[PDB]
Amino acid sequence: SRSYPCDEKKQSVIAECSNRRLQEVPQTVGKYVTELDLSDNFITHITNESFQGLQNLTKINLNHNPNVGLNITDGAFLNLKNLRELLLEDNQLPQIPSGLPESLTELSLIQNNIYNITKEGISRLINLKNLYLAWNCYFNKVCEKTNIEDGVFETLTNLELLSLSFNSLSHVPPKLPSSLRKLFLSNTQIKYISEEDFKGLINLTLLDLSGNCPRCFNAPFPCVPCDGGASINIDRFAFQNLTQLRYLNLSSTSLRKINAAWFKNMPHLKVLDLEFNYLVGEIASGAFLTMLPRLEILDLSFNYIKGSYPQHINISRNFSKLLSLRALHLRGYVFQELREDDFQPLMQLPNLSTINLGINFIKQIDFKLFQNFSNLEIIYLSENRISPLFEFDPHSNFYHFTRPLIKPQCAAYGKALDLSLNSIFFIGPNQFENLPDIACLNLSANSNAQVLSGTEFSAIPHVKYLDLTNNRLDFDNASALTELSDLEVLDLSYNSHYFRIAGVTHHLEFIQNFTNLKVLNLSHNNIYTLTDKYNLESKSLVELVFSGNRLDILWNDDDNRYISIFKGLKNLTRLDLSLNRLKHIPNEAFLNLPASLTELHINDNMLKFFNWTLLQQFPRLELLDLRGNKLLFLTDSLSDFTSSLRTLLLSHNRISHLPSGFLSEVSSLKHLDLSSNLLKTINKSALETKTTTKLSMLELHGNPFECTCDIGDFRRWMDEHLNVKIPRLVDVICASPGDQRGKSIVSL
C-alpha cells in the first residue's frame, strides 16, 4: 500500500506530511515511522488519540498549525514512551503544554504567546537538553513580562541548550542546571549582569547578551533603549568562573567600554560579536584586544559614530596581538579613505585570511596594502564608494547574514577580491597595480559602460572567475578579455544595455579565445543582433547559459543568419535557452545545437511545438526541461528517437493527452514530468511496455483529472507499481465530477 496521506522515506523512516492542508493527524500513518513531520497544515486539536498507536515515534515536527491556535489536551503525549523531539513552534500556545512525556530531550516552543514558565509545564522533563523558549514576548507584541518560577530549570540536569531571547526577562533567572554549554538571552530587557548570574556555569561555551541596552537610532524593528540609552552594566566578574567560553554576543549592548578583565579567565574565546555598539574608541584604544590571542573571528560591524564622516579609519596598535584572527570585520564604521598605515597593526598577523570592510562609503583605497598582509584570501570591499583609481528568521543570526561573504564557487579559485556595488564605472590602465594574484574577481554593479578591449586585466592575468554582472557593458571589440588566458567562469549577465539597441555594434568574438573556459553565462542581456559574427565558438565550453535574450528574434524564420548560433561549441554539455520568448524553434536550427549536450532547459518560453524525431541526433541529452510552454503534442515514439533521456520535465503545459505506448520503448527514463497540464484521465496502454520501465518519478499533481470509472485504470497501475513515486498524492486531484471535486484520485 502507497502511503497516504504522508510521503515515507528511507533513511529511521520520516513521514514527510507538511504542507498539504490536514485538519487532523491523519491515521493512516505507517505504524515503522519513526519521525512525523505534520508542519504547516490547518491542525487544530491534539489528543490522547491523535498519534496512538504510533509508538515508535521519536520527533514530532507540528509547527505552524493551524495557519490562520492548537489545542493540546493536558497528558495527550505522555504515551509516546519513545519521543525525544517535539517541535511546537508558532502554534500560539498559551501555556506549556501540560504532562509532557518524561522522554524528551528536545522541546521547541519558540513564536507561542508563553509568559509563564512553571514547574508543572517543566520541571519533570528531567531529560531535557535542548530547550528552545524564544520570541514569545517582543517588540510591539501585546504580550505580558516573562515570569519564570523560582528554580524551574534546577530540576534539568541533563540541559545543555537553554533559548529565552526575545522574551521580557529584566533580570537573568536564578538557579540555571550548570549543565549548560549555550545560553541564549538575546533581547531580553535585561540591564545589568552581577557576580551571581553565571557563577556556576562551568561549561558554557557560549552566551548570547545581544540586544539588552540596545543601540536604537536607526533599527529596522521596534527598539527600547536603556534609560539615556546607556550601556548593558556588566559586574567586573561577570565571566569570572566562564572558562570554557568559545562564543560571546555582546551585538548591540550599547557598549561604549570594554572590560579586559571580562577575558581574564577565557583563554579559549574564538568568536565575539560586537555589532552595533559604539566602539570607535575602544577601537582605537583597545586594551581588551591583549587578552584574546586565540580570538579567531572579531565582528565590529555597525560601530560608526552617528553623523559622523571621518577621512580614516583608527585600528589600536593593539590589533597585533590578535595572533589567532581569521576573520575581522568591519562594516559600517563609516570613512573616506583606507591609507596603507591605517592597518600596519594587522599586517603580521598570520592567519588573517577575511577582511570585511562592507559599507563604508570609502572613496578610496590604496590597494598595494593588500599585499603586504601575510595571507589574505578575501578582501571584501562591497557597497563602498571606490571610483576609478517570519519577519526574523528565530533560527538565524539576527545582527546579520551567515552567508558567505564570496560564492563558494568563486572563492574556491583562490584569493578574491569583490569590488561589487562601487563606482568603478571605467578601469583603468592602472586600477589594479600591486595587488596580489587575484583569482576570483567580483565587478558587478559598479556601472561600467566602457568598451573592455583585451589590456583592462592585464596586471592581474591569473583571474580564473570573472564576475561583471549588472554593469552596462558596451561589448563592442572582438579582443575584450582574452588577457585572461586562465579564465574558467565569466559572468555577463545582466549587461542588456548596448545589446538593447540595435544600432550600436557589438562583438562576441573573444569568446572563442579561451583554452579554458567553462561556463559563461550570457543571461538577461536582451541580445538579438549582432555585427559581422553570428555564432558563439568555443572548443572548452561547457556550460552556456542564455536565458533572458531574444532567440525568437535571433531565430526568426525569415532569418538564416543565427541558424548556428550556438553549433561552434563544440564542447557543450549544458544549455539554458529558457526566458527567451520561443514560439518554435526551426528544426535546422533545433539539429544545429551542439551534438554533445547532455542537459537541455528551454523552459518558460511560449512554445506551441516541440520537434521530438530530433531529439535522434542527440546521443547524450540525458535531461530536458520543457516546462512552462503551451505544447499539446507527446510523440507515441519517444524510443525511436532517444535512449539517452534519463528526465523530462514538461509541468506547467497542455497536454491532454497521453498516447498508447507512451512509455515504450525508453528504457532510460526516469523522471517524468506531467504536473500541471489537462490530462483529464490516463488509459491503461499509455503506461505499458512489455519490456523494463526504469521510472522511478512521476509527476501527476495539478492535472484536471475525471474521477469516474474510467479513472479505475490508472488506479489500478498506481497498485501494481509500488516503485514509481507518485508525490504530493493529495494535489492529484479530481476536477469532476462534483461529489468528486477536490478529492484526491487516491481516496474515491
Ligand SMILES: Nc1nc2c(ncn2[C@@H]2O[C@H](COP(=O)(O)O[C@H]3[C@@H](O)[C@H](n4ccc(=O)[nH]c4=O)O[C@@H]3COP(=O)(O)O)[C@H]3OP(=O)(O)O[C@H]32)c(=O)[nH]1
Given for the second form:
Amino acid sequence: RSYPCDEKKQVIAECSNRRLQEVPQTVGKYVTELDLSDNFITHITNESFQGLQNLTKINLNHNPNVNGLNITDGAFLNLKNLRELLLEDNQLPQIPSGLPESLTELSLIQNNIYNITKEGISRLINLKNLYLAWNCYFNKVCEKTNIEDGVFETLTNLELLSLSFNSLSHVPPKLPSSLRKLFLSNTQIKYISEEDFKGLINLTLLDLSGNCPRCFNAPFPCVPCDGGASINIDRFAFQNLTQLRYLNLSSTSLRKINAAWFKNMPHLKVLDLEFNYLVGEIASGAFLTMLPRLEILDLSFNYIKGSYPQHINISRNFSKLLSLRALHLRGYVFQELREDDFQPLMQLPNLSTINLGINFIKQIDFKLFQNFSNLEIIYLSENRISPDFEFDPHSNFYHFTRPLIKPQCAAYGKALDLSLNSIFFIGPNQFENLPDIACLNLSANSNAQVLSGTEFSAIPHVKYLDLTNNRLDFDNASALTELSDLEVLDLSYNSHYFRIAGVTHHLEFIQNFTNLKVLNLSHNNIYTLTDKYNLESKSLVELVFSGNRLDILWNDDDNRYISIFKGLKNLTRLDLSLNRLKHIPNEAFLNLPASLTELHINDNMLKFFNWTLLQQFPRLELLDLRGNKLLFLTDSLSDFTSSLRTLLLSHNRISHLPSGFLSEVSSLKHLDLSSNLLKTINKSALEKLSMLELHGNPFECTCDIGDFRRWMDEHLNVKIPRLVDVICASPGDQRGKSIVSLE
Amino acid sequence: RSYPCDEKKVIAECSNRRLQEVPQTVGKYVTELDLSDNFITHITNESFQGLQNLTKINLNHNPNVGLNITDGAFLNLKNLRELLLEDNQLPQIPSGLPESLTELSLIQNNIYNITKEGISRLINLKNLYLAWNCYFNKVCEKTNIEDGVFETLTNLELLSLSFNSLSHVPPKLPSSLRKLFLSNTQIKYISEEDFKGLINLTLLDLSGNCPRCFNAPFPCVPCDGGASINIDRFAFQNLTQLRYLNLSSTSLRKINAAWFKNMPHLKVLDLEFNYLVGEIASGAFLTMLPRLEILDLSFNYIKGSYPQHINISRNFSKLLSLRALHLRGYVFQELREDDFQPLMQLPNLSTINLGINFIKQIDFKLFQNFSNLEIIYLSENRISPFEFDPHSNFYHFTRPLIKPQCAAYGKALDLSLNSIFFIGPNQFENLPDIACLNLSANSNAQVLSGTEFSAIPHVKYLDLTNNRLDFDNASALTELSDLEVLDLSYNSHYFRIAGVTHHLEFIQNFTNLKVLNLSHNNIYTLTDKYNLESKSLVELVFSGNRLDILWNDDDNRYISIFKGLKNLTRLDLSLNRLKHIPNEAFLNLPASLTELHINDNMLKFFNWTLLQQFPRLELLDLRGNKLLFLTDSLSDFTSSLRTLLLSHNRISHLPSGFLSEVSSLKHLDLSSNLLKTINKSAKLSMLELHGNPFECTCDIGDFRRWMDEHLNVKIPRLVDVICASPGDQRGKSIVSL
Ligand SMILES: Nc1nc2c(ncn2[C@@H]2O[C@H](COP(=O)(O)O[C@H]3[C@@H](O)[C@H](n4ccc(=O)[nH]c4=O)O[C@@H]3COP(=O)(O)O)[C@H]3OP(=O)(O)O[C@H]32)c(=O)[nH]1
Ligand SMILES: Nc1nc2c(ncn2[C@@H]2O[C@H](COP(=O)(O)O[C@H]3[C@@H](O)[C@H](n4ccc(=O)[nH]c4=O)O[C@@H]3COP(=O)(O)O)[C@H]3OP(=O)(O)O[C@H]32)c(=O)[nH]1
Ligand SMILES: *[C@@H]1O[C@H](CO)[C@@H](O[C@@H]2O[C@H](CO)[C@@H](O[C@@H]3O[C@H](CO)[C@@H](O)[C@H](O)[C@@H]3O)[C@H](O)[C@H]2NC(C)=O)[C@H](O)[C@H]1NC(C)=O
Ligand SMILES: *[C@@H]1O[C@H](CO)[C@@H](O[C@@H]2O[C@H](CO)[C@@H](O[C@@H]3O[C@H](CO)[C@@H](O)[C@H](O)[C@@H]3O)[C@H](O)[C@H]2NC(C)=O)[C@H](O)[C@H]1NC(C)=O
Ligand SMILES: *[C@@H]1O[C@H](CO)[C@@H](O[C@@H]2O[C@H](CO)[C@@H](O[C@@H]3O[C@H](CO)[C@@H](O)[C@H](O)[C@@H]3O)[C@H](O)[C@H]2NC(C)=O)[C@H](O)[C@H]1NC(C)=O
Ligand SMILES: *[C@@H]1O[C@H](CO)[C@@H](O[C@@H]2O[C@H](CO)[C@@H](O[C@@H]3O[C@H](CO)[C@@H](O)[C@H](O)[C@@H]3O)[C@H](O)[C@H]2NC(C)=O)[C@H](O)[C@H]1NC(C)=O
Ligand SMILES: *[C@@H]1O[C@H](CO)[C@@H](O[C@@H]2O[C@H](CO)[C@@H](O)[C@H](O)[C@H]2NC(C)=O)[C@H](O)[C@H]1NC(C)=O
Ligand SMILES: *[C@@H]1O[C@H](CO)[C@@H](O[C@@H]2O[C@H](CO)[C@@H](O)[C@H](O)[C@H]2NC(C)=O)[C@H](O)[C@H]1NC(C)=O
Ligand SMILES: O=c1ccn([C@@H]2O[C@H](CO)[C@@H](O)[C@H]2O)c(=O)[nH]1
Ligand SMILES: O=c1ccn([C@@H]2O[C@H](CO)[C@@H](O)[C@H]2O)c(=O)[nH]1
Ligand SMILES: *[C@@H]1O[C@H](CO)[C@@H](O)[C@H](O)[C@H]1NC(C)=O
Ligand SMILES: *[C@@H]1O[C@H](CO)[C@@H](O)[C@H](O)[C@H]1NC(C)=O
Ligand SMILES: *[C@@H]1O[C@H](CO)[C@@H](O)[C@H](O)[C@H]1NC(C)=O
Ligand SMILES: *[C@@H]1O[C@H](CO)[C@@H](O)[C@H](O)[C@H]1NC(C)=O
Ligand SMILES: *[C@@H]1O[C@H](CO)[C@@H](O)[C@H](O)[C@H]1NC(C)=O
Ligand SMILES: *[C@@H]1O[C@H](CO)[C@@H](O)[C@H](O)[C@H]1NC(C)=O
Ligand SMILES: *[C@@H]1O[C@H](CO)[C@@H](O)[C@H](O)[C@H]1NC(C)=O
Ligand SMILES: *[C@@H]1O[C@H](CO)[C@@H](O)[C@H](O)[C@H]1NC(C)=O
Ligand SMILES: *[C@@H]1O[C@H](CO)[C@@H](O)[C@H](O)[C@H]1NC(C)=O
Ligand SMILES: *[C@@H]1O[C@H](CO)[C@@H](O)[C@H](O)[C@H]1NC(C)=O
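Now show the form solved in complex with this ligand, given that the preceding structure was the form deposited without this ligand.
First the chain shown before, then all remaining chains and molecules of the complex.
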C-alpha cells in the first residue's frame, strides 16, 4: 500500500499538497509520472530520485508552499527518460544547470530568472515546449531580461516558446523555424521589424498582446508607450507567416489596423483585438476584407472613455467575414441596438454567437435577431435592459474562457441571456418577434413580478429557464404554465417574498408540467406556503431544496408539511442540505418519495438519524449526511437497506464503529468516515467495499491499532485516500505521524 | 473565584454550562441564580440547601437537549420572589412552592391542569405566566382550570394564559388584575360576566380567538364558517382603566363603537389580521377614540382583491391623539393625495406605516400637507421610476421601523425593498425636508452624478445598501453637503467587473461625513484615483472586500489607500482574505487610529514592531486568523493598547514576560488558541482562555497559583477552560485539579 503518494495506472504517483519536507524515498520503482507540487520540498540533489530511472515526468511546482527551492547542478542528470519537468513558482534565481538532454517540456513560469543562457538551455536539443513566462512583471522588483544571443537557435525541435510577462524590449533574434506557437505578451516590445519573424514559416500562433498597452482602468500596474502610442508593426512583419491561425493583439493601443498584415495569412482563424482604440476601425474596417476564413473576432473593450453614443457603428465590411462563428463586442458602450445597426451581419452563414455583454445598453429591438441566418447564442448579459499571484499564468489574461451559456442549457437549442439587467417585470410584449428560444436566462434582473401563465407565450418552447437571483412574487398558480415543454427550472435565490410570512406563496404551478425534470428551489428561505403544502409532479426527477427552512416546516407542533415531497412520484434525487435541521420527524422521513436513489441531508445539525426507516427506500444508492452532529451508527444496517452504495458521514461526532460495520452492507462501495471521533477500530468491526475514508480522525496509535493496520494489509483493494492525513492524535511521540508508519 | 458560576454585583450567572445538576459550590451570599440552559434533571430540597438569601431563580430550558421536581423542593427558600421554569416539559405545576413567590413563569411546558393545590396557596403573586402549554398541533389535552383557582390571588397583576385551549374566560378572577393575556385560547364568546369585576385592567389580549386563517404561518383552526369572535356589547363595561386592547385575528368584520363607551383612555388598539376593509372606510368606532395613540389595522386585505385605492373614512379625523398609524397589508395600487385627507390635521401623527401593500404609485406631495410626520415608512412595495418567541408579539415584529441612528437626525423616509432601479429627475419633488433616507434593496444600478438628491439636499443619513450602483462619476452624492453617514454596503455588482470604471473620488467632497460603510463590495480595482481621502471621516468599514488583491506583492498603486483619511479613528478590514499585509501598507494606515479590526482574514504573521506609529491605538482585533506566535517585546511597540483580541488563532506559546508587559493593557483575549500551558515566566482586568488545550499536569500549577494571587483579573467561562491532557484530566476545568 503506497505511501506517501497515491499510485495508480491509467503509472502515476499523485503526491501533491501533502506537507512533504523532502522528496520521499518510498516511491514505487515503477512510477513514470510523479507529482510533488504544493509540498514543502526545499532541496533537490542527485540523490532525490536515485531510485526512479523510469520517470517520464516530474512536477515540482509551488515548492516550498509558503524560501526558494534549491536545485543542485545535475540533480536530474541521471534521469535518462525524463521528458516533462515542471518547476513553476519555486523562486528560482537561475535556470538549473545540468538538465537532462532528454527533456521535451520544461516550465519555469513564475520564478526569478532574468538571464536566459546558452549554458542553461542550448544543450537541450530535444525541447519541444519551453515556458519562461512571468518572471519579471508589474511592480515586481526585478531585472530586465537578458536573452543570450542564439540561445534558442540550437533548439531545432522547439514548437512552443513562451516569454510573456518579462521585460524583453525586443523580439529575440535567431528563433528556430520549428516554432509553431510564440507567446510574447506584456514583454515591453514597442516595435516589430520585418526581421523579427522572418524565418517562422511554421508559426500558427503569435501573441503580441500587452505591448504598448491600453492602460486606462487597468486592473494591474500598467505602463503605456510614450504618449499612449500604439505598437509599431512594420508593414512586412508577418510576410512569411503563411500558416498563422491565431493572432493576439489585445491591448497594443491600436487605432489603425493595416490590411496588408493579413495579405499572406489565408488560414487566420482567430483575431483578438481587445482593449485597443478601434471604434473608428470598426466603423471603417478595410482589414475585414482580408479575413473571409476568420472564425472568431474579439473587439471587446475598445470603448472611448466617457463617450456613451446612441448607437453602435458597424462597417458594412463585416459582411465580408464569411467564415465568422463568434463575434465578441463587450465594452463598446452604447445606448441602443437598432435593427439596421446589425445589417452587415445578417447574412453571415455560420455566425452562431453574438456577445454584447457589458455595453450599458438601455434598449434593443429584438426583432433584429430573427433576421440572422443561424444564431444559437445571443449573449446580452450585464446591460441596462429594462421593461500568491492574482493572475493565473495558464489562462487568457484579457477575457474569461468559461462558456457564455451553461452547456446544460445550450444543448436544448437557441440561447438568449438577459441576465444581470433591470427587467424587474416582464411586460406583455417583452419577448415579441424573438426566435424559437429554447434556453433563457433572466437571472438577477431583480424581477419582482407575479408570473401568471402569459409572460413567456411568445417563446413557448423554452426548455431551460434560469430565474435565479430575482425576487419573484408567487401569487398565481398558473405561473410558467405556458411553457409545456419546460424540462429545467432554476428558481434559486428568490428569498425576497418567501421570507415575508404575510404575503402569499403559491407553488401549485409545479404540478402542471408534463416534462419538468429538474427543479431548483435552493436558498429561498422557504418556511411557509399558502393553501397547498405539498409539492407535486408526476414528471420530476431532481429536487434541490437546500438553504430553505425545513426546520420550521417540519417543526413538531405543525403537521401540515409532513408530506411536502410525497407527491413527487418520479423523484430519484433530493437535496435537503442547509435547512437547519436538528431532527426529522419519522413520519416526514417515511413520506419522502420511495423512488429515491440519492438523498443529501448534509450540513444540517442532525443529532440523531433513524437508520431503520431506510427500509422504505428499496432503490437508495447514495446517502449524504456530512456535516451534521451524528453520534452513533446502527449496528444492523443491512437489515434496513440492500441498495446503498455510498454512505457519507464525514464531519460528524461518531466515536465507535459497531460490530462488523465494515462488512455490514455488501452493496456499500464507498464509506466516508473522515473528520469524526474514532480513536481506533477494534477487531469487533472486522468480521464489495472499494473506498473507505478515515482522515481527520483522532487515532490512538498504541498496539491497540495493530488489528486494523493488519486489516489494511489484508484488504489492499479497499482504497484509503490521504494516508498522510490519517493521523495519530496520541501518544505524544506518535502524534502527527501517519497511522500507517509505526511498528 | 466563584465556580462554576460567574458572580457579580450579588448575581450568579451560571447558564449554558453543561451542568448535570445544581452546583453545590454557589457563593452562600448570592441573590439571583441563573441556571437556564444546563442539563439539570432533578430538583430536591437538597439542591439549594446552603443558600437562603435567594431572591430569584432561573431554571429555563433544563435539561437542554424531563425536569423532575420533588414536592416542596423550594419550600426551604424563605426569600424566593421570582421563579422561572419555562421549557422544562413539566407535566403539572410543581407542589409545595413557597408563599414568598411574587413571580412564577411556567411558559412552554406540558401543564394541562391548573390546580388550587399548585397555585391558590400563592397569596403574594403579582405575575403568573402559564402560556404556550397547549397549542397548534402539539399532542396535548384541553386545559383544565380548577374553578376559583385564581380567586385567592388578591395581589395578582399579570395573568398570561395565551396559547392554551380554554374555550371560556375562566370565572372568578381577582380584581387586582392590570394585565390579562388570553391570545389563542379558543374562546368563541365574550360575555358581560367575563370581566365585569376587573376595574383596574389596563391591558386585555383576546387575539387569535376565531383566527383569520388564510395563509397562516401556523396550524390554524377558524370558528365555524370563518365566523367572528362574539363580544357581548356590555363586555368591556367596567373596564374603565383600559389602555391596551388587542383584538388581532379575531375575524372581525364589524366593530361595535359602543365597546369604547367607557374607555376614553384607550391608547393602543390592535386590530391586525381581521377583515376590516369596510369598517376602515365607514368606521363609526373611530369617533370613540379621542385619546388613542397607536392604531394597528395591518393585514386586513381581502384576498385576491387589489383595488386602485385605499378607502379611508373621514372619521379618522377624530383620532386626535394619534401618534402612529400602522396600515400594512391593506394591499392596493396607488396612494393619491385625496385618499389621506382625514389624516392631514391630526396634530401628533408622527408615524405612518404602509409597508407591504404592493403599492405601485405614490403622490409624494401628499406627505407635505401633514402637520408633523417624522416617519414615512414605505418599505416593501412596488414603487418604481419551537418556532415563535413566547416573549414577543405574535402578529408583528417590534423593532423600530427605522434604525434609531438615522431617525435621530430628523424626518425619515424609507423606500427600501422597492424597484426604484434608477432615481429620475423628479423622484423626490415635493417632499418634506428629509434627513434620513433609506433606499436599500432597490436594485438601483444608476450612475449617481450629484443631482439626484437636489430636492432633498439636507439628507444626513443615507442608506443605499444592497443596490447595484455604478460609480462612474466623481460628483456622485455631492449635492448632499450635510451628509454624515453613508452606507454603501452590498453594492458589489459592478466592483466585480474589472472592465468598467469604479470612481470613489466623491468621498473627499464632504465636510461633515463621519461614517462610511463600504463593506461587502468585493472592491479590488479602482479607476484613476487609487486613494481614499477625507478630512472629516472618523470611521470606515471595509470588510468584505479584496485587500488581498489591492495589496498584492506586485502592485504598488494601493499602498496608501487609507492614508488620506486624516481624521480616522475606526477602521475595519475584516473579511479581506489577507494572508499577509505589506509593511509599507500597514505603516500607511492613518496615525489617528484608536480602533483597528483585521479579524476573519488569514494572517500567518504580524509585524508587531509596526505598532510604534500608532500612538493612539487602544483596540487591536486579530481574531479568526492564523497567527502562530506573539512578539516578546510588546511593551516596546506600544504604550496605548487597552484591548487586544487574538481569539481563534494558532498561538502555541505565550512569550515570557507577556502577562506583565504592558501598562495600558486592560483586556487580553486568547480563547480558542493552542496554549498547552502558561509557564511561570509569562491594569490587566480581563483574560480569556476558554477553548485552549491545556496540559493539566504539575506544570500547570504555577498558573493556578497565579490565578489565586490575582483575583482582580476576571477570567470568564472557567468551566470552559478545559484540560486536553492527560487522559485522566481530559474534560475537567483547570481549576478542579
Ligand atoms: N474571445 C472571448 N471569449 C469569451 C469571452 N467571454 C466568454 N468567452 C467564451 O470563452 C470560450 C473560449 O473562447 P476563446 O475565444 O477565448 O478561445 C477559443 C478560440 O480561440 C478557438 N476557437 C473556438 C471556436 C471556433 O469556432 N474557432 C476557434 O478557433 O478555440 C479556443 C477554445 O475555446 P472553445 O471554443 O474550445 O471553448 C468560448 O466558449 P464561448 O463560445 O461560450 O464564448 C467563448 C470574451 O469576452 N472573449
Ligand atoms: N404596532 C405595530 N408596530 C410595529 C409594526 N412594525 C414595526 N413596529 C414597530 O415596533 C415598535 C413597537 O410598537 P408596538 O405597537 O408593538 O408596541 C409599543 C406600543 O404598543 C406602546 N406605545 C408606544 C409608543 C406610544 O407613543 N404609545 C404607546 O402606547 O409601547 C410599545 C413599545 O414601543 P417601543 O418602546 O418599542 O417604541 C414601534 O417602534 P416603531 O415606532 O418603529 O413602529 C413600531 C407593526 O406592524 N405594528
Ligand atoms: C492571446 O490569444 C491567444 C488566443 O489564441 C491565447 O492563447 C491561449 O492561451 C491559453 C492560456 O495559456 C492556452 O490555454 C491553455 O492551454 C494549455 C494547453 O492545451 C492547457 O494546459 C491550459 O489549461 C489552457 O487550456 C491556449 O492554448 C492558448 N490558445 C491556443 C490556440 O494555443 C493567449 O493566451 C492570449 N494571450 C493572453 C495574454 O491572453
Ligand atoms: C440548481 O440545481 C441544479 C440541478 O442540480 C444545478 O445544476 C446542476 O449542477 C450540477 C453541478 O453542480 C451539474 O452536474 C455536473 O455536470 C457536469 C458536466 O456534465 C459534471 O462535470 C459534474 O461533475 C456534475 O455532474 C448539473 O448538470 C446541473 N444540472 C442542470 C440541469 O443544469 C444548478 O447549479 C443549481 N442552480 C444554482 C444557481 O445553484
Ligand atoms: C396583543 O397586543 C399587546 C399590545 O400590548 C401585546 O402585549 C405585549 O406583549 C409583549 C410580548 O411579551 C410584551 O413584551 C414584554 O414586555 C415585558 C415588560 O416587562 C418584558 O419583560 C418582556 O421581555 C417582553 O418584552 C409587552 O409588554 C406587551 N405590551 C404591554 C403594554 O404590556 C401582546 O403581545 C399582543 N398579543 C400577541 C399574541 O401578540
Ligand atoms: C455600516 O457600518 C456602520 C458603522 O459601523 C454600521 O452601523 C453601526 O452599527 C453598530 C452596531 O453594529 C452601531 O453600534 C451599536 O449601537 C447600538 C445602539 O446604540 C448599541 O446597542 C451597540 O452596542 C453598538 O454601539 C452603530 O451605532 C451603527 N452606526 C451607525 C452610524 O448607525 C452599519 O450597520 C453597517 N451597515 C451594514 C448594512 O452592515
Ligand atoms: C445565467 O446568468 C447568470 C449570471 O451571469 C450566470 O451565473 C454565473 O454562472 C457561472 C457558472 O455557473 C458562475 O461561475 C458565475 O459565478 C455566475 N455569475 C453570477 C453573477 O452568479 C448563470 O450561469 C447563467 N445561467 C446559465 C444557464 O447559463
Ligand atoms: C433600510 O431598509 C432595510 C429594509 O430591510 C433595513 O434592513 C433591515 O435592518 C434590520 C435592522 O437592522 C435587520 O434586522 C433586517 O434584517 C434588515 N433587512 C434587510 C432585508 O436587510 C435597514 O435597517 C434600513 N436602514 C435604516 C437606516 O433604517
Ligand atoms: O403583486 C401583488 C399584488 C397583490 N397581492 C395580493 O396580496 C395578498 C397577500 O400577498 C394576496 O391576496 C395577493 O392577492 C400580491 O400578493 N402581490
Ligand atoms: O452606465 C454607464 C454608461 C457608460 N459607462 C462608460 O463605460 C466605460 C467603462 O465603464 C466608461 O467610459 C464609462 O464612462 C459606464 O461606466 N456606465
Ligand atoms: C542551496 O543548497 C546548496 C547545496 O545544496 C547550497 O550550496 C546553497 O548555498 C543553498 N542556497 C540557498 C540560498 O539556500
Ligand atoms: C455554415 O452554414 C452553412 C449553411 O448556411 C452550412 O452548409 C455549413 O456546413 C456551415 N459551415 C460550418 C463549418 O459549419
Ligand atoms: C392567474 O393570473 C391570470 C392573469 O391575470 C388570471 O386570469 C387568473 O385568474 C390567475 N389565477 C389565479 C390562480 O389567481
Ligand atoms: C394545472 O393543473 C391542474 C391539475 O392538477 C389544473 O387544475 C389546472 O387547470 C392546470 N392549469 C394549467 C394552466 O395547465
Ligand atoms: C419519470 O422519469 C423518467 C426519467 O427517468 C421520464 O422518462 C418519465 O417521463 C417520468 N415519468 C413521467 C410520468 O413523466
Ligand atoms: C400631542 O402630544 C403632546 C406632547 O406629548 C401632548 O401634550 C398633547 O396633549 C397631544 N395632543 C393631543 C391632541 O392629543
Ligand atoms: C458627472 O456627471 C454629470 C452629469 O452627467 C456631468 O455634468 C459631469 O461632467 C460628470 N463629472 C465627471 C467627473 O465626469
Ligand atoms: C471635490 O473636491 C476636489 C478637490 O478636493 C475637486 O477636484 C472636485 O471638483 C470637487 N467636486 C465637487 C463636485 O465639489
Ligand atoms: C474630525 O472628527 C471630529 C469628531 O467627529 C470632529 O470634531 C471634526 O470636525 C473632524 N475634523 C474635520 C476637519 O472635519
Ligand atoms: C516590520 O516592519 C519594519 C518596518 O518596515 C521592518 O523593519 C521589519 O523588518 C519588519 N519585521 C518583520 C517581522 O517583517
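Residue numbers count along the first chain shown, from 1. So that the term is clear: the rigid core is the largest set of C-alpha atoms that superpose within 1.5 Å between two forms.
Comparing C-alpha positions between these two forms after a rigid core fit, one residue in 588, 106, 665, 154 moves 2 angstroms or more. It is 665.
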